[PDB]
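> Spelled out, the chains give:
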Amino acid sequence: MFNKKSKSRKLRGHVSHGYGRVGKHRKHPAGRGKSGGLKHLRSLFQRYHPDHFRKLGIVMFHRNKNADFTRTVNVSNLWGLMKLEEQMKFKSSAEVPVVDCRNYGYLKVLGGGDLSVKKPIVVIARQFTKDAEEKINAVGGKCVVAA
Amino acid sequence: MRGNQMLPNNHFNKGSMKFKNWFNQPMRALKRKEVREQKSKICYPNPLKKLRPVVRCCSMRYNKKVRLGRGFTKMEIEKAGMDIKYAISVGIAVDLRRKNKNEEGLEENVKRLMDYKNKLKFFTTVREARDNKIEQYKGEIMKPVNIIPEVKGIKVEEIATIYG
Amino acid sequence: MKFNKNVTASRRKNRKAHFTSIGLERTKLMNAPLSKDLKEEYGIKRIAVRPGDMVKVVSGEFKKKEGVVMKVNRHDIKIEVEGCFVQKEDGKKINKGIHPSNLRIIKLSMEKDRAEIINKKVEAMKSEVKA
Amino acid sequence: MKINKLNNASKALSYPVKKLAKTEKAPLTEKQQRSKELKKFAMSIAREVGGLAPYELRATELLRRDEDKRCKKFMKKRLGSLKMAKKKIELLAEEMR
RNA sequence: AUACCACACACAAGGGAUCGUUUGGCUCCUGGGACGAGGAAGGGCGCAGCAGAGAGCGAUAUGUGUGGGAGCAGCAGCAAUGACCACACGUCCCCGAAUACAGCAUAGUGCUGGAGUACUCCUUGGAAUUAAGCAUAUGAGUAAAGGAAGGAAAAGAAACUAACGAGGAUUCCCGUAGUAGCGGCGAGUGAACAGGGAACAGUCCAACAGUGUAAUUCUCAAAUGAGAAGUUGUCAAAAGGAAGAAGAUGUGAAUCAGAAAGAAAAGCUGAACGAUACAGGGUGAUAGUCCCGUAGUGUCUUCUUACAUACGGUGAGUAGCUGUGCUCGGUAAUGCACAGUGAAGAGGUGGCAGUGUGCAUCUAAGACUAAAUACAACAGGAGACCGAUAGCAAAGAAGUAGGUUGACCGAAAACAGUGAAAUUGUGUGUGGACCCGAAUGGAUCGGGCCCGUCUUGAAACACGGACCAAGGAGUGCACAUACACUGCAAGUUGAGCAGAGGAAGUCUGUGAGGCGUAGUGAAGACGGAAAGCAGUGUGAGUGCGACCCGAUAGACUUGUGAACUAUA
RNA sequence: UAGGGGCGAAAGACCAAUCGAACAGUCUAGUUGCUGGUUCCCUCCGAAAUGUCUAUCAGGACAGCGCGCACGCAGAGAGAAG
Ligand SMILES: [K+]
Ligand SMILES: [K+]
Ligand SMILES: [K+]
Ligand SMILES: [K+]
Ligand SMILES: [K+]
Ligand SMILES: [K+]
Ligand SMILES: [K+]
Ligand SMILES: [K+]
Ligand SMILES: [K+]
Ligand SMILES: [K+]
Ligand SMILES: [K+]
Ligand SMILES: [K+]
Ligand SMILES: [K+]
Ligand SMILES: [K+]
Ligand SMILES: [K+]
Ligand SMILES: [K+]
Ligand SMILES: [K+]
Ligand SMILES: [K+]
Ligand SMILES: [K+]
Ligand SMILES: [K+]
Ligand SMILES: [K+]
Ligand SMILES: [K+]
Ligand SMILES: [K+]
Ligand SMILES: [K+]
Ligand SMILES: [K+]
Ligand SMILES: [K+]
Ligand SMILES: [K+]
Ligand SMILES: [K+]
Ligand SMILES: [K+]
Ligand SMILES: [K+]
Ligand SMILES: [K+]
Ligand SMILES: [K+]
Ligand SMILES: [K+]
Ligand SMILES: [K+]
Ligand SMILES: [K+]
Ligand SMILES: [Mg+2]
Ligand SMILES: [Mg+2]
Ligand SMILES: [Mg+2]
Ligand SMILES: [Mg+2]
Ligand SMILES: [Mg+2]
Ligand SMILES: [Mg+2]
Ligand SMILES: [Mg+2]
Ligand SMILES: [Mg+2]
Ligand SMILES: [Mg+2]
Ligand SMILES: [Mg+2]
Ligand SMILES: [Mg+2]
Ligand SMILES: [Mg+2]
Ligand SMILES: [Mg+2]
Ligand SMILES: [Mg+2]
Ligand SMILES: [Mg+2]
Ligand SMILES: [Mg+2]
Ligand SMILES: [Mg+2]
Ligand SMILES: [Mg+2]
Ligand SMILES: [Mg+2]
Ligand SMILES: [Mg+2]
Ligand SMILES: [Mg+2]
Ligand SMILES: [Mg+2]
Ligand SMILES: [Mg+2]
Ligand SMILES: [Mg+2]
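Protein chains in written order, with PDB author numbering: chain LAA, 1 to 147; chain LL0, 1 to 164; chain LY0, 1 to 131; chain LII, 1 to 97.
Nothing false has been slipped in among the hints.
Here are the computed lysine to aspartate or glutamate pairs in the EDC-like style, where the Cα-Cα straight-line distance is at most 16 Å:
hint, chain 1, residue 1, chain 2, residue 2
1, LAA, 142, LL0, 158
2, LY0, 56, LY0, 37
3, LII, 11, LAA, 68
4, LL0, 99, LII, 24
5, LL0, 64, LAA, 100
6, LII, 19, LL0, 104
7, LAA, 142, LAA, 100
8, LL0, 101, LII, 24
9, LL0, 155, LAA, 95
10, LII, 18, LL0, 108
11, LY0, 107, LY0, 66
12, LL0, 152, LAA, 95
13, LL0, 152, LAA, 100
I should point out that these hints are in silico values taken from the structure, not numbers from a laboratory.
My request is simple: use the sequences and hints to build the entire structure.
Right, dumping it as structure tokens:
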């Protein structure tokens, strides 16, 4: 629902506000923040967060996100990049489509699934998996590497 | 601390921290509008904004996209037959720090200069323009678009010879 | 509707402006309508009531009465009209003050500067009426 | 995570541009030559008027005994940079000759 | 129970709750940002026909000029020979930087000092607190204390990023990002380039000034002379303008009558009339036409702003190095200092120490700069804010009455409305602490220990509570989360910002980024299942005063005290 | 002669009814695993005072026992017979 009354409004008239008579509601009974984790809170850490207390891995003091950013597509989705009206033309037509993945912000092609239509296609990208290359060549298509 | 959560990390410990609210947003927008309007009267026939070059964006992530830059280089201006003092008088921006390193980048910026020169119109006095009822251009001049292109088709014999 | 944003529409501000008025602004509070005939004898539609002028009371206890203005109380905004009074337990009689807007002028006192005051207002109209 | 998917080989590719050659600036005008001459001249007069400094004397003495590697170490500690040391040794050597 | 004690009801006392009202407060936005040796800010003392406080003003203590025009609030007297108001000017006692002074510059005249300091710049520099203890670390380069300036201040045109097919001063907004990293690798901390915008602007000095004559600046004279500064080096050109903005002020439509009733009609009833004006205020009850305005229209006054000469490639106790102390996310040194040592004319940099070598990009150790950005006093406009125990401490002579030896500390009180409860007197009734169940003409019968709270356990010889009114305690924001509801869906979104529009609302664009569309490893590298995004709310975790109240303590000041008491 | 300082024929005495570390004001609404309080009605369901680890023993966390929403569904705090 888009709106509902709160619990606090029902607790008017009941002594302890739902915190108990014996236990009460004190200020900080367990400590502040995420502290105590090697000591009295060891059971919470070993159950939910086992890889917290450690150092790991190779270090580079400065990294650049733009130099490493990439996005991946599978062969089964190649025909899907075209508009539905465009798909329905190339399905019947005698011509071969020329699809450039760079134009949709994809740089690497993966070998997942089968091609939607079993007719030739030209695919342009920066990198192909070994499975992807074999699948495209199977239908008489061509893989073109480009920057 | 109890139950399963992503471990906290909220940075509100520092008692000297300042808060910035934005209740002034609609009013400051209205002031910026009114300053542009009055500035536009002071130079009535002329556009409020200068002409700027087209450059290519920086990293591997943005190579395939073109953008506006700061100013034309002394070489671009000279190649289109103008001199630096004249270019300023006609509302072209200048940047003497930039260098040219490609044939393509130079050729495109020369086209912009020649196009702009051709679309201009000159007047002796302000009153002449006023009497002709000239309406002054607003916004940026000849901005790039960077649309997504369209899927080209090719005949099976071509596939062996060109590769898209 | 009001489109000028320099003028206030606050109840608190309008009320303070009324009661704390001084000088010429105080005189504006003492205006009354003229009768139909006087509005042909002179150009003006309304004037500030002064001693010696002749007025018909058009609202209240003393409705229908006519008489001469005796006094003008500026601090407590009221006019005293000859023959409008109440009698105390003592038999002593006290004039009761009437608010300016409940009166209407029947004859003008033309003593002193009144003729120049009227002239000044008529000219101020025509100056813009004829343009 | 949209990071670290390409190999280093494919990241190294590049688009085939057409380059412009750099405009060389080798010509040096008459007035620029005289300007440089006068500065180099002035540097002579100072050396003639005031002579060498204490560490320069100590350095040149070691060069006469062929104590090349001692002189190298000494100069490194005085000037800080191993490049400045290599340059100053070459200038001092030429002065003695 | 004649008269005491209790309860109920009527009347009179006693108190000031409740409801109705408000020339005050608070918050947001816009303008403004105006002091002083020509004596300021702040303190004291005087001035009225009757005058204490407060307001106003200086021995001229209501004077002059301009524009207006009717009374001066009480009593006595004044006033078209100008009552009163508004704009400017003249006069302006004593103390106080307080100066017949101190320091300092010029040929000479002079300038500084004190006040204010919310916002900006430069120094100096804590502790409480968090780590469930505590010492490194955190709070925090924050508080406190000092110096300085303006309407803004600081910064600013690369000894700059980047490795792309590259860009191109500074500042500000969206974002990269709670990331790369720093850290008893604990608690916790934490930037930069890109990509989308607002606003846009570049220039000076030194190096390096006519030698057929310092051509340069100043003073007195004079109509063409004397003298000072300067060769340890002076001297490198334009008037000019209409626009733009803010205030002040003039004008400005249209109604009368009536039964009943009331102290009073503007209500109610009938008949009219205005509108580019039905925003709002005042009138004896709720008014378009009774009064002041409003929509629409006129005038006038201030302020802001604009054309000329000559040049380059070497700016030293500096950059750097060794030791040392502080600092930063900066990690085998990010920035800043001190002592030793100390360059080259060619040098600096490319987030990990060293040596060599190509390549790319820049030019330090001298200066100036608009716009876009921040926020007190004072002025103006608004509000789903508060309504006299609230809202500022302060709706009246409030930083006042009053108080400290001193630094410093600090109230109450609205309407001549309404008039509750506690509590008191008188009269009339009913009972002997009172409640629940059941009744009589009438004696009474049966059942019940004092509530709230910690506790295995309270009627307790456990604690809090004499009585009544009013006030009085799980809230706001950020970040992940599960559920319910809504739109679209391999996609999704109110980023900022622009265009329209009598406008803090709404509508439309342009257009980033983020998360999703499949995972595995420290990584090189490899790849093969699972609807999401953005909101409206609820339960719940963490950080901030964090449900409300409460320590003994610690630190910091260019703050105060030897009137009591100790000793010379 | 003034506060981590004074002054003392010495008692930790005295320094404005305050001294085994003065007063004023600020940081500061310092902190609290400890004591006190925490404001309307009816309907339905309904506990625990035990185990492991803890500078842990007047406190926590994890598990066990409640409630809400519930995809779904042959089971049972009892007997026989081997
Ligand atoms: K809640
Ligand atoms: K609870
Ligand atoms: K409790
Ligand atoms: K610990
Ligand atoms: K807009
Ligand atoms: K000063
Ligand atoms: K602690
Ligand atoms: K603690
Ligand atoms: K602080
Ligand atoms: K400045
Ligand atoms: K500067
Ligand atoms: K920059
Ligand atoms: K930009
Ligand atoms: K009117
Ligand atoms: K009437
Ligand atoms: K009236
Ligand atoms: K330089
Ligand atoms: K130095
Ligand atoms: K500079
Ligand atoms: K008060
Ligand atoms: K006082
Ligand atoms: K009252
Ligand atoms: K009363
Ligand atoms: K208790
Ligand atoms: K007992
Ligand atoms: K107790
Ligand atoms: K909370
Ligand atoms: K406290
Ligand atoms: K003694
Ligand atoms: K004592
Ligand atoms: K002390
Ligand atoms: K405890
Ligand atoms: K039950
Ligand atoms: K225990
Ligand atoms: K649990
Ligand atoms: Mg608990
Ligand atoms: Mg317990
Ligand atoms: Mg990699
Ligand atoms: Mg490349
Ligand atoms: Mg402690
Ligand atoms: Mg620290
Ligand atoms: Mg820090
Ligand atoms: Mg401070
Ligand atoms: Mg020069
Ligand atoms: Mg009324
Ligand atoms: Mg540090
Ligand atoms: Mg480094
Ligand atoms: Mg009230
Ligand atoms: Mg109050
Ligand atoms: Mg006293
Ligand atoms: Mg016990
Ligand atoms: Mg008691
Ligand atoms: Mg109450
Ligand atoms: Mg994020
Ligand atoms: Mg998939
Ligand atoms: Mg509290
Ligand atoms: Mg301590
Ligand atoms: Mg137990
Ligand atoms: Mg207890």
